[PDB]
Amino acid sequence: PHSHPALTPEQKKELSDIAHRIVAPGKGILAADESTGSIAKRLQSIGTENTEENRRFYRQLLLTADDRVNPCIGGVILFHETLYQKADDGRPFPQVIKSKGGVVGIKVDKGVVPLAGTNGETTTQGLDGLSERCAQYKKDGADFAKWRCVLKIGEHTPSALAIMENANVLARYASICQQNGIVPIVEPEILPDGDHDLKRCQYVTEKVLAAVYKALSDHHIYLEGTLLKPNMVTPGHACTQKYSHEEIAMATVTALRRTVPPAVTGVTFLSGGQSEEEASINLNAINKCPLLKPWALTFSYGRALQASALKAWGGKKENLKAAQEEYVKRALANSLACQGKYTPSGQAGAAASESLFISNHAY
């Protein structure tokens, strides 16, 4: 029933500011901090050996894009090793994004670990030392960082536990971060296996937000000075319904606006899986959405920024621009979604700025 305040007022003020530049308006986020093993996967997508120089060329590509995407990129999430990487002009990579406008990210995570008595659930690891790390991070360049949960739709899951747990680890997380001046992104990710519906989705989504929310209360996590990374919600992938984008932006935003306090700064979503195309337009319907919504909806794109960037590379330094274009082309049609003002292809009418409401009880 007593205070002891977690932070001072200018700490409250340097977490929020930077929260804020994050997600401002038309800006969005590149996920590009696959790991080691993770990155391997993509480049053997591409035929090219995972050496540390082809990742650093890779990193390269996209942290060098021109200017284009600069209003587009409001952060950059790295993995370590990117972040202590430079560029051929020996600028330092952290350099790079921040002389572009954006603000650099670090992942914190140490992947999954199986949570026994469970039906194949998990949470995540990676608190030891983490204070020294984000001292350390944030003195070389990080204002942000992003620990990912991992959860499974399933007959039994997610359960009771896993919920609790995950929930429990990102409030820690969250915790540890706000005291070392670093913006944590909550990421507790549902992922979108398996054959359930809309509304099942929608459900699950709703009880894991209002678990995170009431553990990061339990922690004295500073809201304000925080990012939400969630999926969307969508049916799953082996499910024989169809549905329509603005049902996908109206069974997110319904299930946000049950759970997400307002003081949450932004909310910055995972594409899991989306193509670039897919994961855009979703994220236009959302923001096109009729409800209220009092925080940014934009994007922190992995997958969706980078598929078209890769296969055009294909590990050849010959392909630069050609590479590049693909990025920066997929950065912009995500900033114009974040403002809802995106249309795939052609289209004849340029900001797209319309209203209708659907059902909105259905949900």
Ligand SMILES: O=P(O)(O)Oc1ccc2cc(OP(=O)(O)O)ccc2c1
Second form
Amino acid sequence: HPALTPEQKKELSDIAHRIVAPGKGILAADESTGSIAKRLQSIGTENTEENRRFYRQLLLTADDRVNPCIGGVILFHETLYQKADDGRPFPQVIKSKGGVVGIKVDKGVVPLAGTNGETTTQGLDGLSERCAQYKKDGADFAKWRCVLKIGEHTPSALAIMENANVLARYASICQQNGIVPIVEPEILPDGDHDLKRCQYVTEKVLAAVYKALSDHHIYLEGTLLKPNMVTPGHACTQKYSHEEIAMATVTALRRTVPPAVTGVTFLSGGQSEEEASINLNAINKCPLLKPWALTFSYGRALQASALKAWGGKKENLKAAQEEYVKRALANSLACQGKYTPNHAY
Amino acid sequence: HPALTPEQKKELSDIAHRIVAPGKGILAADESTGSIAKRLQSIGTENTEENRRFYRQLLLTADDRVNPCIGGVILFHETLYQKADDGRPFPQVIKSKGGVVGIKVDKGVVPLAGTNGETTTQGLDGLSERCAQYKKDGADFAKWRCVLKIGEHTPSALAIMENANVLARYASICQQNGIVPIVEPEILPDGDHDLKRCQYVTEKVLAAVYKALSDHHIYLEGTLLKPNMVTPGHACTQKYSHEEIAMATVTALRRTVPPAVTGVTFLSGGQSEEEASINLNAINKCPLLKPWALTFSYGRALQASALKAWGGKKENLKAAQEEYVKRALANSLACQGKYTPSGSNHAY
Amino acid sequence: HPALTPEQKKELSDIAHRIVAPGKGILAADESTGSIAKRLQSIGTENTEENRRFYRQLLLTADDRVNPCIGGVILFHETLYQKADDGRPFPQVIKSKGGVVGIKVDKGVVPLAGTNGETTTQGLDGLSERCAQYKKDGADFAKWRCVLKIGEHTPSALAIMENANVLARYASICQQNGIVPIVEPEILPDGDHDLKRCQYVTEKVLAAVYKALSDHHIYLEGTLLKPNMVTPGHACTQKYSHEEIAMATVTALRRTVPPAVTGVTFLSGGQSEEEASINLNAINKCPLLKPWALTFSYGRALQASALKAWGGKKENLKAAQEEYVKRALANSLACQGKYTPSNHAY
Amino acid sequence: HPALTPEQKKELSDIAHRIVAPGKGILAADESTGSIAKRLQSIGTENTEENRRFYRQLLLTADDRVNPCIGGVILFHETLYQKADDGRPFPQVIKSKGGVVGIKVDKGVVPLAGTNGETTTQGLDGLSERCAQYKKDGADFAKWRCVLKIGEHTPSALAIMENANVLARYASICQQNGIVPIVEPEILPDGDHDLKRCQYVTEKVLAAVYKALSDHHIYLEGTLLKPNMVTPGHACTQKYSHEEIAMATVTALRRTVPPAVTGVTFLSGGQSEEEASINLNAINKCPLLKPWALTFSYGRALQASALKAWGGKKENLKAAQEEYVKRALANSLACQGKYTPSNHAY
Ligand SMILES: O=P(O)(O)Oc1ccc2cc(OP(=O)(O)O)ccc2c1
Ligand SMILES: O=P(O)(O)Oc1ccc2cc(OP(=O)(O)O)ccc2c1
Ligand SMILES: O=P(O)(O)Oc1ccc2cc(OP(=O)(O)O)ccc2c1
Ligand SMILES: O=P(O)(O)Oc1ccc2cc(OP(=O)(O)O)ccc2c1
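Structure of the form deposited with the ligand bound, please, following the form deposited without the ligand?
Below: every chain and molecule of the assembly, starting with the one above.
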């Protein structure tokens, strides 16, 4: 009673490797209806199904310069079943440009009673049947987001254990259905903590994640990790260089992520488009041994400038697509250490 | 940042105590559509909504002799929103007879990959909103069933840990919504294992359950436990007395269940009606100290003869209700150690 | 492959029940040489082997009024091999008065690196052989003390897990050698935390303790628990009644201690002689259901006045023994709820 | 509350890297008195301190061809304080040849009650003081051996958790004293299980080991791992190539051992001299990515021919040393993948 056959393992490993192939990263376009509404609101655009469709089309149909930059695209359920103006389903559009289609499958955070505002994430019910259908409809990987926060009593032992366990359940169900799970334990940058505190918490969270994945018999070669970079908190007064951020990030990963993991696809969080590229580039130039692909799974850091240039106006299509292409090319170079605009750990 | 206020704790504790008050147990009538279908096929009756309504009505409207016997009734979702012939919602029927209304909220078992046929249970998604709605609609306690199996390499560490964890998540969400959770970690009797193997596994499962409930800040006084009795496997060749089953059961509970737990409501599993009554009565006569109510949460051990006597025929209503009443009375006496058919310590 | 046979289980259960039989508790006299030195220093007495022997003799040979009060006596290694003036080994003196002999077997606390001053406890190496010898030499139960502290980031997950685990190892070894283990996870009263914080930490620690005992296959009927009472911190500004202390303590125990545990023998900690008796009495009068004996395992709360009355002078023997008898009698009444000098909010 | 300062970290990391520098491995000569007795008995030699000293001297004073092969030497306590014929302490002999001195610090296995013959390991009591003394006396790394067995119900959850936890306690204490800990969770080859069963158990054990090291705040860059290679059981009838053994071994390590671990020093266990060299060579030629040194920490695989050529006779000194030197050279090439005498299926 092994969880997976050699054939199933090969399929998962091959998918995971395609997504993070050299020079490639992930466009994270899986904002739910409530979250994308706030993005559209920031440009005074109504949150209609058509406006959401057109915006996703804008990103997915950028010119072929993005093909070598984008190994995967994460979609929200609605977008997976939408079509471009030429009638092609968006999964077909993505594949025709050399991309793997991903689907976000979690159903949001819920409060953990007895904690200081901590959450876990729901979405396991009927997940297997959903994954089998998503697989039939063109998806080959999935995403599940857990959220943790650095504070006085947080993240607590309960929150670390519970989020690690539910990530492992999600990963197990995905792999039974031919879907590569992206494991996203995000530690929010909120607060005034410093770099080494983020590093400490990240190390503890990731140790818990991989012990849980082991307990649940997860095939690591058929997974990806989507962590926060190790950074000071948003309100931290002490300032750090990108090389220090890179060193703390790579050290934390080296202390917790088994080499069998196929790749690490960083979330951009609250970083600017340039900051996310500079940090990712510094991570890839960090002189330590890094036995996994180190690339991007960016939302805002790929979309910010495209969203503004668009402004909800059809005539700004080309201008908006150019901004996205410029960030896709930048981060493709960053994940190779080719982008130009220690014992203390 | 405590999970619950003193007012919320009092509500949950008062509910839990009402359900298992002396002489009272639970009617477990929460079979899902697929499971009740098998019950109806066994008496050649069609599985229609009306036949399900009629059958549930048959149990819930039995004469007032059941009132001091039934502290609680577990319903399936459909039944919570059905009505008796007089137009009364079934929850109002139950309450008017002194019972607390329960709702089963799990969404069935699912396979754990990498195990020898082991499962966990799903049903957490949107559970808080469901509990708030069920509370509004008259439910005060809930049920969630996890299933474990004694076998070669089972129950495994993973299966024990995961089922305990999901039970604790369910219990936490229930208590946030004023619903008393019934925690049901059922160890099936399938297999040829002997009595002391069942006792060992039951002790290990219950220790994991209560550590998980602690980790998730569960208020034990506002919970009930629905375990298997400790019995040999169905295929075991060695035979045991009811006194030995009782001693093994009470010993396992005394080694694992904190006295703050308000009550233990046993499942009947594959036991016959009489066997389940005799065993419960022996459990209550066991001379060891037992700091929780020890009563019943019975499905087939309350229903089997009523279902048969009914046979799907409206003219058999009174005869079917009489069979149910008889088992309700029997088990009311058994959960007091007062049941009669007339109506070594360190070896464990 | 059960850990114990029915015969080994009966032996352990019988011992545990003798120690905590109704009206009985434990004299904890197992201060090591460095700790008893501070006690003798407090009365201007030199810390010699003979002064330690004499002081322990004073306690162990008090008159027969203590016999129904004292179910057990915990000794330090040295004392287990000392003799009274009549030539009798101290274990024989204890047994002759109806007491079970206990031996402290831990080797003190050690720091946990990476923690905010937290410790675990050492003493497992060669413990099985030590237990076998102690059993031959008249001991039937043992004691092992872990120490946890309430503070900003303490007790940490690491400290709770590690102390629970080492207690389980100790208990397992003891039970293989016919010794009933007393499991002592002391949460110190140091600090300004309030009563509900102590209750919260005590509930979490004891849940960890009993999960570890389960994982290690410990026979609970052949164990005793020696916990702190649930009290405010020593420096807490909010004040509480003995009844609140009792309610918080009994509630924490009811939420964590399986009924199979044979007895709970409270440590006195920093409490005065009278405070420790009043609190134990209030615990036994608490109206909730308590399915285990609730009695005492007291050091200073049985010894403080005896030590002062002695003052190191052999001519104060009887006066000092009288002070210990008075506290033994007080606490025997208290563990029955017979001593006189909403639960949903917990 | 960080466990170590940057300076303490630098020292441990520097030591760890010196031991497993390219081409180098470890001579494991830390057999205790009882275990070396079995070795000497197999060559008809009396187990006296002098014969133990002479045999250890024979190994430690082998000619300078072993200097680039031997990065560290593990000694038993007795040997750390013995001297060569010329009066030089053995630690000075080792260092004068470019070797780091190691000390075995565990006190052997003890049974876990309630298990099917499983053990944990003892040795924590007073370990901090022992480590500080050993550091003073020339040791810079240590070894602690836990033993697990593949059987019907083994290794159990209890055995895995407890051995991982005690290994982490040992590692923590070592690092507080400037000693690099070698963590040895040996899964025995006993039994008739196949290669994938060993791989499965090895992955589960190592995942538990590294979670425990994380919980105890262990600095992984200042540690080494001494695991079993992944092999079929001794009584398994199915046959495997060295390339399959290598693939299963590297796959297991890639799934569990964080890249920050400085090196993996395989135990030889029951393997012959040639088999252990050939397997280590195939491990280093395995085409998968390996972010740690993969070298040897060998006892009998370095000593077997030398012990037999010696036969307890002083006049066989040079013939015996020659056999040891030949195996040090062989394994130095093997840990470089230069010794000569589908992946989804794992
Ligand atoms: O809860 P929902 O809004 O439905 O899901 C989310 C939540 C956060 C996200 C963040 C993203 O950017 P990045 O931080 O991954 O780079 C991209 C997509 C995201 C989708
Ligand atoms: O999965 P479902 O069938 O929908 O839910 C179930 C499963 C098992 C049951 C067993 C019962 O009898 P007892 O074993 O509690 O006495 C009573 C109700 C039950 C309901
Ligand atoms: O560390 P050592 O000194 O060797 O052992 C101790 C430590 C604390 C003690 C406290 C006591 O009083 P109580 O708290 O048990 O009532 C009695 C004996 C004690 C012995
Ligand atoms: O129990 P003790 O005898 O005191 O210690 C041991 C036990 C096993 C050993 C195995 C060795 O060979 P290898 O398996 O490390 O290659 C070398 C030294 C060993 C020492």
